[PDB]
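Each remark here refers to the structure printed beneath this line.
Here the complex is missing one protein chain, while the rest keep their positions.
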Amino acid sequence: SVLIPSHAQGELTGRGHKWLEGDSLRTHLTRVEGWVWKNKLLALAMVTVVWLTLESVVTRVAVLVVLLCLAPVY
Amino acid sequence: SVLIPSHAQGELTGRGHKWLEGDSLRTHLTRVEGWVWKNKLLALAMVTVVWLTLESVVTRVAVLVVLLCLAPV
Amino acid sequence: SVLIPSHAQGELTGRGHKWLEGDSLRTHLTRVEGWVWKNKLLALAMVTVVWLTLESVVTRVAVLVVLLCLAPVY
Amino acid sequence: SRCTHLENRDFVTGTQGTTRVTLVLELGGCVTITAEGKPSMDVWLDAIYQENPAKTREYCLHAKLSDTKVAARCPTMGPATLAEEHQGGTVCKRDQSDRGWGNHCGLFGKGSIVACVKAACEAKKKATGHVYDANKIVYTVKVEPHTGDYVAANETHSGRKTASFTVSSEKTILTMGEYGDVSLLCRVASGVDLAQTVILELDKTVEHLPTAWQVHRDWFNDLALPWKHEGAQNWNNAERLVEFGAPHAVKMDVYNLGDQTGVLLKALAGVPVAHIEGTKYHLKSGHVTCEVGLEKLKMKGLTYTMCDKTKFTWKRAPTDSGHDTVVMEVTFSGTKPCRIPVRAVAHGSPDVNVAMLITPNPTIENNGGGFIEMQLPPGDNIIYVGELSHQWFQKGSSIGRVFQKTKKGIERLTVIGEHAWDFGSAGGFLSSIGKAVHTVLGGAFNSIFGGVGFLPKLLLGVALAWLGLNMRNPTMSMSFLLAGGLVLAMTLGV
Amino acid sequence: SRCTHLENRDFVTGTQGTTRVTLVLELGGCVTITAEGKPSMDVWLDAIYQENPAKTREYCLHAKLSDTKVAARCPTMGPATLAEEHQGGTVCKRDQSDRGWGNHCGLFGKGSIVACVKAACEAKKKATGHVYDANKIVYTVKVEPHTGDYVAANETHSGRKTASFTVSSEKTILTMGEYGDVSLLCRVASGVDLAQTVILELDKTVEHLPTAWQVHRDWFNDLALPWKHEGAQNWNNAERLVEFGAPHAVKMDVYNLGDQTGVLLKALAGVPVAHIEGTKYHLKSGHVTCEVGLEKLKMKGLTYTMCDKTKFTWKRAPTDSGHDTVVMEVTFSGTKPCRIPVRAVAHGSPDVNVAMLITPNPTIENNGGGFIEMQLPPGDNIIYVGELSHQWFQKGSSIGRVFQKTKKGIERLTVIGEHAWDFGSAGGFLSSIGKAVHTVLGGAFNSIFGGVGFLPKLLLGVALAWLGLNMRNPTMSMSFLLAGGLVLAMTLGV
Partner (left out) sequence: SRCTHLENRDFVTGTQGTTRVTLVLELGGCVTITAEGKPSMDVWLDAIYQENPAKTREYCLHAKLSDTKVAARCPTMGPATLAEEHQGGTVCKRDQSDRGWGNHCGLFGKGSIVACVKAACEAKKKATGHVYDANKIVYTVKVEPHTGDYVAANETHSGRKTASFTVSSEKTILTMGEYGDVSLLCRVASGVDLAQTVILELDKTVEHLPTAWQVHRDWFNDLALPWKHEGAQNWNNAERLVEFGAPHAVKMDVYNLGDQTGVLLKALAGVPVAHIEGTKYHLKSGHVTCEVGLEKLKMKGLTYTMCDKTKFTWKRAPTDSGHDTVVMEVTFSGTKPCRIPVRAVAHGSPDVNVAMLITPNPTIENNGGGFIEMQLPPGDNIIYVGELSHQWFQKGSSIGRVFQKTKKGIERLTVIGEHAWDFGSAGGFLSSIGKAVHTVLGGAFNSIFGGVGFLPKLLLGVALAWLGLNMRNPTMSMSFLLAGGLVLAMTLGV
């Protein structure tokens, strides 16, 4: 299958017009939001199990962040 | 931009002709193996760092497995 | 039976064209790596047996190097 | 018979005196059903189709743009407006631009600009979707008797019989000449889950592409593309394929994101293929459940005399079929209608006939007969047809056969799901309990992980395994370990 | 003064005795040079272009297929062979498929089958790359005398001059009439790194798509598509667009993955645009370093008489500029050649003049005009031109102006990297140390994280901060935490 990888962002710069807005953290969060609504039941399951089992607030927050970021791309 | 997400793999099945071979265990094993053989030096660096730092066999195995799976990003 | 030995490599040198590239340390290491990739399982078996039975790091390194160097020929 | 042609075949035997047997027919498959003193039958499912199904929302893949227009006004006056902004079939954007005396404004600052264009899908770049109606779907089942004759894949077998099933007319009787009558019951409600399948067409005259795809309904309803229903003139959300550049002082650019066919076909990677042949829309993957009644079947030529043992000759020597069976073809010259005395002998034993015949009581008849198919036990054996003889080393072993058939069973279970428990059973307790447990567990698993990727499923399995191993007490430890093991096992199996 | 037509205007001020100044000229930007006793100048960079650049390998995006051929052989008669398999312009694949008496062969087992198809690229679906030559590239710099006339952006100023630098260009002098000569020396090869830029042309004929892109070479040289050079007749690696279905007994299907334009344009998201004009290929981004020599400039009309205090009138009243300046235009009736008396005073302190003119020694001439541009301090002010008077509230604050200049400095660093340390510098330790430290640090950071991308880079920054936290000894724990924070901050800022 043809697999053209996306062009790198920071290597070229200028002040002329750019073709399109590049990927960004806001785009990432928007995609996560889009995924969560479709997979809410699993979302609640994953959040509740970790929040119950783990002991530390910061650790739980970190794991939740990592899981949410990793969920949609695949 | 328009994003047409990839079809889920196991929801629909049978014995007719498939369109193309979808992502599966074989494909991902091939990818990780080839990547490691591409990024040897970095692969061994990460592996030895984890093996040295993490205190228990099972947790070392878990962390190494997860990192190797996610390596191709 | 006729058995012509392979010409020694280090005894002649120059900058003109050579007939055909002969053996070298890098070539042997390439063959070792190719063999290991071909027989991954056997490589891990050899590694694990010695890692389990030999306690001294230097001894393990020595035996591993010997086995790897002999692997392609045998 | 026909079912020697396929790579995929199965055998089922009616136990002593059983009258009927139940099957799940898999499209692209075969079963040979046999019982003592009953002629052997080949039964298979040939087609699942409907005429002119119902349509569903239709997408666009390559937009065509026309009548680009723009208007702007200076940095202290009212926002700009265009009539096309209120019409249909148009896409517009409203933005601010920098202006000054350099381009004839009276003040320096942010003026306003608006741009519009007309969007229509290109001639042949639509993506139509269709859905089946349970009241109209047709399933076609075919049945063939084991006559003593053989015909190639491009040849018309005279004994082939057809039965077509709808939700009405669930039961039928087929008459098969001298072999009698066979009964078929096939309820369509047990077949493919029509609520979740959509047939996707694109353009069917494009060579070197399949004519249709069988996509999932939830996936089909989530695509980010322009779409409309049949007959309507104006597309919804041309915005997804028209994008706007940053504005100059008094001009603004409209860009077209181009044809999406290559993105779509890459997304469809794993989907099964479907077909179209006119008014008819065929699935090429599915299954049905049936009950076959055998009581009205009877043998042919059972009263004939034996052949003249000296007259036989081989026309094709014995050969392995790949299904653990041997196939043979004999020719004969004596008095025509007669019964063939085939037998086979194991080495190291007293001449006992050990062959098991798939085609029972073989005969030779006027312009017919001569084909034989049989099973032999492992090891060295001899085959006898009258005075004619041949030798055969049957490879394999009994434990090997058991393992082979068990593997086939696991494959069927993982491909067909809960309906596998209905294959070849006499009904009753074991089958019912298996199906109940399977369905109740599978429902929960599908509810929690339906549509999730294989990699995230495996990752969650590993996480659960680790967390259960680390759990603080035995009951929760085992519960988490079991959950992780279950997800890992099913993900790796499917 | 063209500099009023755009944002991104920069002011550079010399001092008496300053021989020449260094500028970095950027597309879509301009600088006004002011000197203590010499007329102001407008300098900007108009174009970077080449005529008929050299080509590099072309890629196909939509395969055309023709004349499929298939051949097969039985399980023991050896592999299949087909004549077209050794020709050019053909894609072929050979595989194994099941055979048996169902087909017209002798045995049951895996045979051999081979399929071939002629491949080409459709009429107008080929991407083509061009690369620049350092010995032919042309830079165009333009300079305008900043006379008192004003001219709209679509109209040509009678006094501006052009310098077309190439590698073979010396220091050049531009006369521009009474104001005297100005000198320019632009260092080609100080600007865009031509060794890693490629101009990608897709199809300059389509209406609603930009005519070219400026893609990176390391990205262009690895791309999963069929490719060939200009003179070749047959494509390489055509197998990347054709796919082959699982074989039947005597047939297998050839599939086409369709047009890739839509996935290509999706990948190009962040790339800057380029342009085409007949034989000329233009960049629309980049910069060049150039030294401008002010030595031989003279002020006009220094010996003219002063205008009458009366007989002036407005033509456009004072208005606010985009750059925190005031712009105005006056008309005069009388003996034409004379100097305009222009001044401004804070409200309630007529003894002190607070105006700083961007146009020194304004004049009115036999066919010229009275455009004026001033900078005034914040607050309430009066502007006098002869006896004409006008009140003016100047918005903003000194802290605000300092903040604006600092912000623009940060942006120039972000956009042009280490070259920023040369802008308007007289030389010395500040510039030298800044450029050295910047070049070394940026080189190292680019070496490690060059192509890794925003979110992966941020994630690695988080990982580094976590590692600094995890490391047991406090001092390097804190040092590594600071390193992680720095990488996070920089990868977020850029």
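Each chain gets a letter, A, B, C, D and E, in the order it is written, and its residues are counted from 1.
The rule is short, and it goes like this: contacts are C-beta pairs under 8 Å (C-beta built on N, C-alpha and C of every residue); 3 or more make two chains touch, one makes a residue touch a chain.
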**OP:** Determine which one of D:47, D:138 or D:382 touches the chain that has been left out.
**Re:** D:382
Original post:
Of the listed residues D:347, D:405, D:407 or D:408, which contacts the missing chain in the full complex?
Top reply: D:347
Original post:
Of E:218, E:230 or E:411, which residue touches the hidden chain?
Top reply: E:230
Original post:
For chain D, which residues reach the chain that was dropped from this view?
Top reply: 317, 347, 380, 382, 389-391, 393
Original post:
Considering the entire assembly, which residues of chain E contact the chain that has been omitted?
Top reply: 54-55, 57, 76, 78-79, 81, 86-89, 229-232, 234
Subject >> For chain C, residues in touch with the removed chain >> reply: 1-2, 17, 20, 49, 53-54, 74
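Just so it is clear, only the chains that are shown with their structure count from here on.
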**OP:** Go ahead and note the Å separation of the Cα centroids belonging to chain A and chain E.
**Re:** 31
Subject >> Residues of chain B whose C-beta touches two or more other chains >> reply: 1, 17, 20
Original post:
Which parts of chain D, given as residue numbers and ranges, touch two or more other chains?
Top reply: 210, 222, 257, 260, 262-263, 266, 269, 451-453, 455, 459
